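Visitor: Letter by letter, the chains look like this.
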Amino acid sequence: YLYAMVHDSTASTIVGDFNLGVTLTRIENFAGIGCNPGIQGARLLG
Amino acid sequence: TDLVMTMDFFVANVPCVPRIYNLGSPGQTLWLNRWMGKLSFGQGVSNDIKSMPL
Amino acid sequence: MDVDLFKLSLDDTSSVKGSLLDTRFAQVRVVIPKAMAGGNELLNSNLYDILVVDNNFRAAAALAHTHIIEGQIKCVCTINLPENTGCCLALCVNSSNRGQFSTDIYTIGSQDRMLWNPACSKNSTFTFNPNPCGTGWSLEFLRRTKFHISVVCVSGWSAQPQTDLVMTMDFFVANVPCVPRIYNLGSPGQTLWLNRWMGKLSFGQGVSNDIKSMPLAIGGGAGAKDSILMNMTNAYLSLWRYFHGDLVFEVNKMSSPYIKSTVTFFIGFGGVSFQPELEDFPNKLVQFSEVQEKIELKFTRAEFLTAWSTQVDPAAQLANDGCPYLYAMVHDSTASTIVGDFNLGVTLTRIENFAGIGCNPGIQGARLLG
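Protein sequence lines correspond, in order, to chains A, B and C.
Heads up: the first sequence is residues 325 to 370, going by the deposited numbering.
Heads up: the second sequence is residues 163 to 216, going by the deposited numbering.
Heads up: the third sequence is residues 1 to 370, going by the deposited numbering.
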């Protein structure tokens with residue numbers, strides 16, 4: 325997994341929330357192994 | 163008030179190169195640009211930790 | 001199979017060293033309240049009392065089972081805030097502790113101190129030596145000598161945030177060898193490190209003629225309600241009768257960066273009544289930016305004719321005081337959109353070219369700060 329935790333508290337004067345967007349852009353040194361028969365279904369994002 | 167965002171398209175001085183994903187012999191760098199998700203940390207929350215499966 | 005157990009490397013008496021991941025041993029977070037004032041303490045405890053409570057890191061047991069550590073402790077505090085608010089936090093460390101002590105900024109901020117404003121800095125780090133008279137320390141040494149630590153608030157919120165915050169800090173073992181800092185009585189050096197808290201200066205908004213003064217007769221301590229406050233640097237300075245040298249002050253901004261002012265600092269005498277033709281002295285103009293937080297200004301010893309007394313009786317008049325003063329006056333008005341005040345913190349850090357003259361019999365009493 326990729327875990328993200330707050331080191332300190334979230335400090336602001338407005339009533340908003342702290343939003344981040346993570347994007348896996350590229351995978352260097354890519355090595356693929358095998359052949360996938362497939363698994364039906366996928367997990368929700370966010 | 164509601165805003166207006168403008169954009170204008172040009173023809174740059176950059177030649178077109180192809181990006182082809184081969185199945186048999188993939189390269190050493192796989193460009194994905196996969197949207198992993200949005201992380202919303204609230205204010206005044208003590209113990210919060212978000213996880214994204216690889 | 002039979003090997004000799006006496007030839008194994010189970011006698012490694014080397015200190016802990018490596019990267020910052022392999023040298024962290026403690027991490028403590030403290031709760032900063034939503035509505036705090038100036039002067040209340042956020043944390044005050046011994047270092048051993050918080051270094052062994054639920055802190056299991058990569059260099060925790062290696063620190064707990066090492067007899068001599070030859071590296072200085074590096075501390076990194078991380079707390080950030082937007083520019084429409086502001087406070088001031090001071091982390092001070094001391095060598096020992098007695099019963100029912102005082103939590104003033106003047107008392108605790110003498111040996112090792114890190115004073116910063118989180119609205120202008122993302123994170124602040126500082127390094128200190130737990131053994132001031134030696135080149136090594138240990139965890140049992142900090143347990144037995146009652147090594148104290150305290151985080152205090154010296155200037156409250158200009159504008160209050162939405163909720164109460166949490167400031168975390170983590171202690172490392174830096175790659176800096178421990179050096180001793182010893183104050184000799186007979187032969188003092190050419191640079192006397194004091195870190196004396198001179199006081200807090202609060203300029204209001206819409207005030208036309210305001211000018212603050214700080215006496216340079218800094219010996220004897222600080223005043224309190226039928227009491228005095230002391231530390232070892234002021235007690236060491238108060239042994240001589242007169243002193244002379246060029247002074248190095250540090251000015252910190254303790255308000256929000258949306259409150260702006262231009263302050264002229266100069267050296268004067270007696271009690272003045274804000275004449276506009278007072279900038280004919282050689283004065284320094286201080287004007288803070290948004291990223292600018294702390295400024296060092298040095299008054300050379302060409303501004304001082306002779307030496308002056310370390311201690312002045314507080315029951316004397318203004319005309320009967322011969323010591324020089326440090327005056328700070330507003331060059332222009334105080335401009336902001338919030339309803340806060342413009343706060344400054346002056347600290348005489350060191351006195352270069354130090355010359356002490358005579359021997360002080362002593363004067364009872366001290367003046368109030370601010």
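Because the hints were derived from the structure by calculation, they are not lab data.
Watch out, some of these pointers could steer you wrong.
Claimed, not checked - Okay, derived cross-link-like pairs now, DSBU-like style, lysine-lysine, Cα gap no bigger than 30 Å in a straight line:
# : chain 1 : residue 1 : chain 2 : residue 2
1 : C       : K200      : C       : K298
2 : C       : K200      : C       : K34
3 : B       : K200      : C       : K34
4 : C       : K74       : C       : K7
5 : C       : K294      : B       : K212
6 : C       : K298      : B       : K212
7 : B       : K200      : C       : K74
8 : C       : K294      : C       : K122
9 : C       : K7        : C       : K122
Visitor: For each hint, tell me whether it holds in the structure or not.
Guide: Hints versus structure:
Distance restraint check for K200 of chain C and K298 of chain C: the Cα-Cα separation of roughly 19 Å lies within the 30 Å cut-off, and the hinted pair is therefore satisfied. Between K200 of chain C and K34 of chain C the CA atoms are separated by roughly 22 Å; this keeps the pair inside 30 Å, and the hint holds. A distance of roughly 28 Å separates the Cα atoms of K200 of chain B and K34 of chain C; the hinted pair therefore holds under the 30 Å criterion. Our distance criterion of 30 Å between C-alpha atoms is broken by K74 of chain C and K7 of chain C, whose separation comes to about 36 Å.
With a CA separation close to 37 Å, the supplied pair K294 of chain C and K212 of chain B exceeds the 30 Å bound. Between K298 of chain C and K212 of chain B the alpha-carbon distance is near 50 Å, which puts this suggested pair outside the 30 Å criterion. A distance of roughly 35 Å separates the Cα atoms of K200 of chain B and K74 of chain C; the hinted pair therefore is violated under the 30 Å criterion. This hinted pair checks out: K294 of chain C and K122 of chain C have alpha carbons roughly 14 Å apart, not beyond 30 Å.
A C-alpha spacing of about 50 Å is found between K7 of chain C and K122 of chain C, which places the hinted pair above 30 Å, so the restraint is violated.
In summary, the structure is inconsistent with hints 4, 5, 6, 7, 9 from the numbered list given earlier, while agreeing with the others.
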